[PDB]
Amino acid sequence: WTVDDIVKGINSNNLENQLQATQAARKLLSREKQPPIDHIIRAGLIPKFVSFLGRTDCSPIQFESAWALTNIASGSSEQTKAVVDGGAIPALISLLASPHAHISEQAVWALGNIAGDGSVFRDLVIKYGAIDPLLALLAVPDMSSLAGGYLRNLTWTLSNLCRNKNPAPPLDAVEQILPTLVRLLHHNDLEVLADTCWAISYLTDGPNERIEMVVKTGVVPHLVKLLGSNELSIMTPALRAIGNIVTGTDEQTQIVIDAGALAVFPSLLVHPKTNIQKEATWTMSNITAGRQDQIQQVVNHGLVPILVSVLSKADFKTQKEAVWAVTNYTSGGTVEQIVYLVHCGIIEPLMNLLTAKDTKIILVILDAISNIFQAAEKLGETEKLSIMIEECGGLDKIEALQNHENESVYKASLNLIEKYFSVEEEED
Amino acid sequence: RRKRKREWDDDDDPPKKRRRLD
């Protein structure tokens, strides 16, 4: 069939011809790689599919139209917008209540695509009342394999309803959705768990108010349990959610720590996947930016030597996150905690990173060195620390920084050199 | 010092749209 034949059949008074034409259009959209989406939109068929969605007298044409609209809305933002401007959203929301499960689930998938296009269409799908019918579909006892696949479809759509920012999802909708996400987190299906963790991670990515919404439900312990998963598809979103949560207040970070997340981070800080490593090191840096009891928990879990290893031998992005972890540690830590950090061998890797080309990183490293020196002063071992820094080659790097183009670097390194490395002894 | 919020990226952020094929 051609688009011309489809157009001729769809404007026919015979329902069977309309159905065959809709089947041909759906087959173009579902079976052809690089489908003719733009030609189909230019043919003006979107209003026709939206109209067929309401033909309860013929469920097949409903199914075919919902499928065609799904594949149209699965492309660019303008194609999804063509779907939205044709009036597809309310028709699909109403089709959610179709007695035939496959039709309702095709409507779920279509709405998921539309909402995944962006925050505007997401808020539109929410505004036309999709959440209640979707949750009604998600309250049914799913005990079959077909029910499992439909649950995957529904969870994916829900996660797209939790996604994107500027604006963030309306708070009323997020609170309407959260209980279902908490329930879904207790399923055994890996895809359902992954999609649910992704929804959680979306909801936690923002100001501390959204983190508080997620945390009050009580999911953090189960999020940590999933963080300990051997499935990367489940661990990755769970780690993103935990990381977002520890960017918040001290009490939210403490919720995460009491859930036992740190006990998983050894494995995460040496993970083969460099993205997982960088994410875990960033999370650790936000944890070491916390209270002294939280730094003490980082110490109790034996994570400091691991962080030294990462700072020493990891890729530069993970080394940058490790630099932030170290500087936050030495900014908020006790003298004993900073001494412990020194005994684990932080000086040489931290200092070797002063050859990096990132000026901000160099300033952060110099700030960490100053914190370490101030702890030493409190102990009266500033001289021993000076000798340590000199013997690992650190004095060379600080002196070289006194010739840096950036004046902040120059002033910082000069301050350190004038304060601890410009000593004069006149002994009798 | 400071908590550092997440920076915009898509390391493995899920797919936004899916096409149904047969």
The other form holds:
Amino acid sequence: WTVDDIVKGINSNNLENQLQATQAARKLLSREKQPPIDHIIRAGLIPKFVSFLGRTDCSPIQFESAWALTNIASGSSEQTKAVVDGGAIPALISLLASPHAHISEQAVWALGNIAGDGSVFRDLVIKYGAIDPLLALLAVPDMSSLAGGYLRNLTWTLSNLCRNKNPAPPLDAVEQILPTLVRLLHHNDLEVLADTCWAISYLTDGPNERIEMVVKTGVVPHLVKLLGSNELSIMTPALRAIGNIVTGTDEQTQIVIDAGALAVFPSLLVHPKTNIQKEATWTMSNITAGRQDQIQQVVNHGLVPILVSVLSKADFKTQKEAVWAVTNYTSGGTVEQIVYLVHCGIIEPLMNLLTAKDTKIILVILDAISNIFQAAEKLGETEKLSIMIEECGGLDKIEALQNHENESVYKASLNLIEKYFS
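Right, the form solved in complex with the partner chain is done; let's see the coordinates for the form solved without the partner chain.
Excluded here are partners and other molecules; the one chain stands alone.
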């Protein structure tokens, strides 16, 4: 069909010709690499499709109109705005409650696309009351009976409602959606599990209030259980969510620790995948920045020797995370914990990393050395640390940082050498 024929049929007043024209329109939009969306919009067909969305007597016209509107919406931002300005969101929300499951799934899919194009359209989908009917679709007698694709489409739409920032999803909507996400976390489909973990990850990436809501629902134990999955698709988002959670309060970090997360990290910190290693070391760096008893729990799980090994053998991107973990350990740790860290052999790898060109990393390493020296002072063992640092060639490294090319680095190294290596 040509666009002229489609416009003729849609304005025909005969339902059958209108259905034929709508199917031709969705076909024209999907099959053509570059479809004439601008012509379709100037012809005023978006209001026509939106009106067809309410034709309960004819299910095909509803399905095909939703398809055409979603194809139009998936293009440029102006086209998405044209769809939203035609009244499509409320009509699709009304379509959510249709008795036909394929029509309801089509509406879920369309609303998910709209909400995924941006945070403003997301808030518009929420403001017109989509969350209640969408969640009602998952209030089925048996969730295991629902088809995989339908459940996956619902999980994807709900995730897109939990995604995007500036602005972030309203807190009331997150509080209404999270319980259904928790129920979805108990499903056996890997795709649903992964999408739900990513949604939880999106929700935990924010202020501590949203993290508090998330931990209040009770997802952390299942997230730690999923950390032990042999599927990377499920392990990666679980690790991301746990990492975001440990960036919050000390009590939320303690929720993560009590769930048994520290016993899973011995293998994650040496995982073959570099992203897993970096994310695990970042999570551990956020854990070592906690209370002294939480650092003690890190020590009791034998993670400090593994972290020393990571600081020594991993790539620079992972070694930066390890440096931050070590510096937080030395900043917040007891004297006993710092002497334990030194006995595990942290000095040599830190001094070897003093050769990097990242000024922030250099200064962080020097600050960690200063904290270790302060612990030594409190014990009266300053000279022992000085001797150890000179033995591994560390004082040579600190002396090589005495270059006026970088005044901050130079001042840091000068203070260190004048206070402990004089």
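Throughout, rigid core stands for the largest set of C-alpha atoms superposing within 1.5 Å between the two forms. Numbering follows the first chain given and starts at 1.
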Rigid-core fit between the two forms, the member of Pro349, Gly86, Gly206, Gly332 whose C-alpha shifts 2 angstroms or more: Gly86
Core-aligned C-alpha movement of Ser76 between the two forms reaching 2 Å: yes
Flag for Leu395, CA shift 2 Å or larger between the two forms after aligning core: no
Yes/no, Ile37 Cα shift of 2 Å or more between the two forms with rigid core fixed: yes
Between the two forms, how far the Cα of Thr359 shifts once the core is aligned, in Å: 0.1
